[PDB]
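A single chain, nothing else alongside it, follows as structure tokens in the form deposited without this ligand.
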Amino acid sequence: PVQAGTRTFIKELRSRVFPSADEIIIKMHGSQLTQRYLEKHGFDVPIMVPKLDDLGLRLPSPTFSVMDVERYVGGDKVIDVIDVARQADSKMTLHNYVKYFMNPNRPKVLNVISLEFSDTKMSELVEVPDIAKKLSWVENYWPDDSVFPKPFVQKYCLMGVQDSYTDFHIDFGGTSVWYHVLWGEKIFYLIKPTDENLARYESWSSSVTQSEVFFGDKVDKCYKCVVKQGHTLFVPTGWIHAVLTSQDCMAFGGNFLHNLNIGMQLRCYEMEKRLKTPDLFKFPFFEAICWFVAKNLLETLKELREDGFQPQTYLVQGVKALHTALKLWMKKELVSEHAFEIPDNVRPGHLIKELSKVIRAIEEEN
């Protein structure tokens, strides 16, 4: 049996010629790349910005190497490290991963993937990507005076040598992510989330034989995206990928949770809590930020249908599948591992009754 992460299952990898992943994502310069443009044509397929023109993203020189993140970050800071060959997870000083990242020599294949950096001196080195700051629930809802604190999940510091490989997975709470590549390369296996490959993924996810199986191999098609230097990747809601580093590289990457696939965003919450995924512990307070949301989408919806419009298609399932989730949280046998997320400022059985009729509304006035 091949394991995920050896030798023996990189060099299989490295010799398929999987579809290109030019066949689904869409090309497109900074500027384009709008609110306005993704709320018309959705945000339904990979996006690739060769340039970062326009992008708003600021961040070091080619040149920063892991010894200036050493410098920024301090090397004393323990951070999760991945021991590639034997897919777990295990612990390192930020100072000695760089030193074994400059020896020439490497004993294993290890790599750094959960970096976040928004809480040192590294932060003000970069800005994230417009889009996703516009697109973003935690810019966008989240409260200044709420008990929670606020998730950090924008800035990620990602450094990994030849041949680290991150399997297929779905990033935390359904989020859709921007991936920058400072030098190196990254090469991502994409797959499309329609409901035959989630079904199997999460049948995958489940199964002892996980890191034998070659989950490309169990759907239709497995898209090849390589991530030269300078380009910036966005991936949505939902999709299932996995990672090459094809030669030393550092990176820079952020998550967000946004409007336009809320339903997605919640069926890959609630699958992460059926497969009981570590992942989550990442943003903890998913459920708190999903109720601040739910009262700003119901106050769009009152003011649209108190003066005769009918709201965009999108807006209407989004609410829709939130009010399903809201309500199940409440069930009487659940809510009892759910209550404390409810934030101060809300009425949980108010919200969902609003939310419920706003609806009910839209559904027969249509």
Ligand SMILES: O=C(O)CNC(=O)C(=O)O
Contents of the next structure:
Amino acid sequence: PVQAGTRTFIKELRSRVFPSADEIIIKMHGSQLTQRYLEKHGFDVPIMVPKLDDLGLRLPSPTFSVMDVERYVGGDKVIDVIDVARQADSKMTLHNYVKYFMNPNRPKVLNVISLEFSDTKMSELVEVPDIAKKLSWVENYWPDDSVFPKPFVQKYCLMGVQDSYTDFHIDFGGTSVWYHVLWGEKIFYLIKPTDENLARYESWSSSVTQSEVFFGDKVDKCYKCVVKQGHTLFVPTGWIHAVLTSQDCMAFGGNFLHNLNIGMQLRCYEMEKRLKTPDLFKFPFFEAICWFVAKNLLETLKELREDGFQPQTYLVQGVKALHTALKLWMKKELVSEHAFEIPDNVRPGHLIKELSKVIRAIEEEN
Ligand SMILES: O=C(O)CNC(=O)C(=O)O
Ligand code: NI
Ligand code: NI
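Since we've got the form deposited without this ligand here, give me the form solved in complex with this ligand too.
Let us now look at the entire complex, which starts with that chain.
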């Protein structure tokens, strides 16, 4: 029984044979990565942007140390730290981690992956990729007057010691994510969200042997993507991945939902509920933003229909799927747990109806 995170587990991982991520990912320049481009070719595979040129991505120089983070964030903040060899969550002060990080004699491999600093002084030092901000649901549809607290999952600071490892998972709410390495190196292990892979993943996630079974072996292809310093990786909706901090590293990233793969996003959300995921508490109002998106997407469809235009295939697919989700959450036998998530400014039953006829119409007049 070789368990995840251990020294033995890392020896194998570091010497295994993985098809190169180069087989599925698209490398491009910051300027080519546009909303327009993605609406044409879609966002179905990871995108690597080697140079931060034209991304709109701004951040401290490659010399920003873990020490500078203690200053700008406040060594007092209690952050979640992972005990890699045990694959268990812990809690430390940002001050203690930095003490532990800069200490040559590291007794345990500890990793920090959830430090969201948008509500801190260091926030001013980072501007996220324009494409993320452009596609982001929170950026485009979150009201300035909701009772719900706006979700802040756009700026995370990642720090890890060599050999820290994160097992296979799907980001909360099936969010896409942008990831930039400041210094050091991270190695991603990517798995395509095919119907077969999702099934196995959920099964692997609910099996007791999960920690002793490398999920990479359970699928046809597990791609290795090395993210070196200065590079920016963009992972799309539903992608199953694991990460290995190959060397002391500091990176930045953020998650975001969008209209390109709503179906997949909803699928992942439903799965996270079936598994009871602790990460799904970062996007606690996923259902709320979904109601907001449904209202905007309805307006757009109304506009195209009343003028004789046909919506792009993906938009109809996404709305059709969003309709199914909303209708599900409204079921008498389930609404008791979804009711509070419905926005004050929306009429649930009516919105779902308008959605049904606008979709039916598109189905008929086509
Ligand atoms: O820790 C890492 O290197 C990568 N982490 C993640 O992808 C995550 O937390 O969702
Ligand atoms: Ni992740
Ligand atoms: Ni978003």
